[PDB]
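The chain contents come next:
There are 2 protein chains.
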Amino acid sequence: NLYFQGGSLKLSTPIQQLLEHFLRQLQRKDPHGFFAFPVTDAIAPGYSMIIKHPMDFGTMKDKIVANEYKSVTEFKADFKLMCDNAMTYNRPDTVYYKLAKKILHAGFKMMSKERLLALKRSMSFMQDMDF
Amino acid sequence: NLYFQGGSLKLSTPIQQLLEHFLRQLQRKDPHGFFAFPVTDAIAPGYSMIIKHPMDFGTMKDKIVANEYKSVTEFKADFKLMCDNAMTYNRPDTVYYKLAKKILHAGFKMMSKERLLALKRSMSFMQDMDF
Ligand SMILES: COc1cc(OC)cc(-c2cc(C(C)=O)n3ccccc23)c1
Ligand SMILES: COc1cc(OC)cc(-c2cc(C(C)=O)n3ccccc23)c1
Ligand SMILES: COc1cc(OC)cc(-c2cc(C(C)=O)n3ccccc23)c1
Ligand SMILES: COc1cc(OC)cc(-c2cc(C(C)=O)n3ccccc23)c1
Numbered sequence: 122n123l124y125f126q127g128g129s130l131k132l138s139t140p141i142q143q144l145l146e147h148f149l150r151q152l153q154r155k156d157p158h159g160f161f162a163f164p165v166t167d168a169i170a171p172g173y174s175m176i177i178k179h180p181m182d183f184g185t186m187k188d189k190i191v192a193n194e195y196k197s198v199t200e201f202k203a204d205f206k207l208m209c210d211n212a213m214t215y216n217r218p219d220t221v222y223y224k225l226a227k228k229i230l231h232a233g234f235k236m237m238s239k240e241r242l243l244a245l246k247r248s249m250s251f252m253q254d255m256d257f
Numbered sequence: 122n123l124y125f126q127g128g129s130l131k132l138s139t140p141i142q143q144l145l146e147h148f149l150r151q152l153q154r155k156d157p158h159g160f161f162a163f164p165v166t167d168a169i170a171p172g173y174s175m176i177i178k179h180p181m182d183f184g185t186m187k188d189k190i191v192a193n194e195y196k197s198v199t200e201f202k203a204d205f206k207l208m209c210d211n212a213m214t215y216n217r218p219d220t221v222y223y224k225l226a227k228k229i230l231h232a233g234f235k236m237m238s239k240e241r242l243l244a245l246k247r248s249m250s251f252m253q254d255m256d257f
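Line by line, the protein sequences are chains A and A'. A prime marks a further copy of an entry chain.
Residue numbers 122 to 132, 138 to 257, in the authors' numbering, belong to the letters of the first sequence in order.
Residue numbers 122 to 132, 138 to 257, in the authors' numbering, belong to the letters of the second sequence in order.
A couple of the hints might just be wrong.
A pair holds if it fits inside one copy or across any two, identical chains being indistinguishable in the list.
Straight-line Cα separation of at most 30 Å, BS3-like style, residue types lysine-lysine; simulated pairs [to be verified]:
id, residue 1, residue 2
1, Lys246, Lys202
2, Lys131, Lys206
3, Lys189, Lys246
4, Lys246, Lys196
5, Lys246, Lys187
6, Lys228, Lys246
7, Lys224, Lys131
Hints were generated in silico from the structure; no laboratory data involved.
Can you make the complete structure from the sequences, with help from the hints?
Here it is, written out as structure tokens:
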């Protein structure tokens, strides 16, 4: 199943472009990859018993690639689920709890509707120009 | 002469926003301010005899503030006039000649219609989003 356009044989949406950008920036807060892959029962005994809805950055990346996010709010919800899971399974004295708390706070600030509107407004002048 | 809008008493165009940005970046290539002010006959004997149409970054800033640039091409022309003046009055062995040549080449690359189109296209996804 193909189509021909602009001299190229073919077959990335705005939301995919936005979420790919924010996911790369959030994963930079986790240089050791603690949040990069699903938590296994081997590394975290009882995890599958305690945490009913697991989430990780790698699973969110798969959702972006497959174009399964319909809103920023859905992305932020998955992000929040990951951080809440880490702050439920792990004790407050752990790197996982402390990092989840920092990531959750920083991510919600960075992706607020009000902030994205202000960034869009700052960029609008380039769309008003003809080049 | 005033008007009231959005609860504020009033009275910056896309081209003004674009040119203010590029002028700041071009002046960063001239940290000593050699191109920041008109060349005087005191600092450059015979300048007013040799150079018929003087130009400097400070004069270009005044034009931006006064909203006197109708195109990027007009801005690039003033920039080119400044660099050509420096490469006419000064010998090739001078910092002024060498800097003018570097500024001229870098400025034309950075402000090419093709580059600005590509930057506009990279940014378009944010204008397609609703926040
Ligand atoms: C110490 O090295 C690692 C590596 C890792 O994947 C690269 C993931 C984790 C990890 C991540 C988590 C999480 C996120 O809960 N975790 C909980 C208990 C024990 C380990 C982990 C730790
Ligand atoms: C230096 O100030 C700015 C302002 C801006 O929009 C307001 C956007 C950028 C900007 C930054 C970037 C980067 C970092 O990729 N970029 C890529 C394509 C088009 C614009 C930009 C830089
Ligand atoms: C060496 O210090 C300075 C300072 C300056 O203004 C801050 C401007 C110039 C300067 C700038 C120029 C130019 C641009 O032609 N010039 C030519 C002959 C002698 C001096 C200069 C030199
Ligand atoms: C990290 O990659 C990017 C990409 C971008 O547009 C493609 C723009 C920016 C960007 C950079 C900036 C800066 C540096 O001011 N900026 C300001 C307002 C809105 C957007 C941006 C950064």
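Hint check results:
1. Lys246 x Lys202: Answer is both: 19 Å inside a copy and 27 Å across each meet the 30 Å cutoff.
2. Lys131 x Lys206: This pair counts as neither: shortest intra-copy Cα distance 36 Å, inter-copy 43 Å.
3. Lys189 x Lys246: Both: 24 Å inside a copy, 27 Å across copies.
4. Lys246 x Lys196: Classified as both; 19 Å inside a copy, 25 Å across copies.
5. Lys246 x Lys187: Close inside one copy (24 Å) and across copies (26 Å); limit 30 Å.
6. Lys228 x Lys246: For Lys228 and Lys246, only the intra-copy Cα distance (25 Å) is at most 30 Å; the inter-copy one is 34 Å.
7. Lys224 x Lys131: neither (45 Å within a copy, 48 Å between copies)
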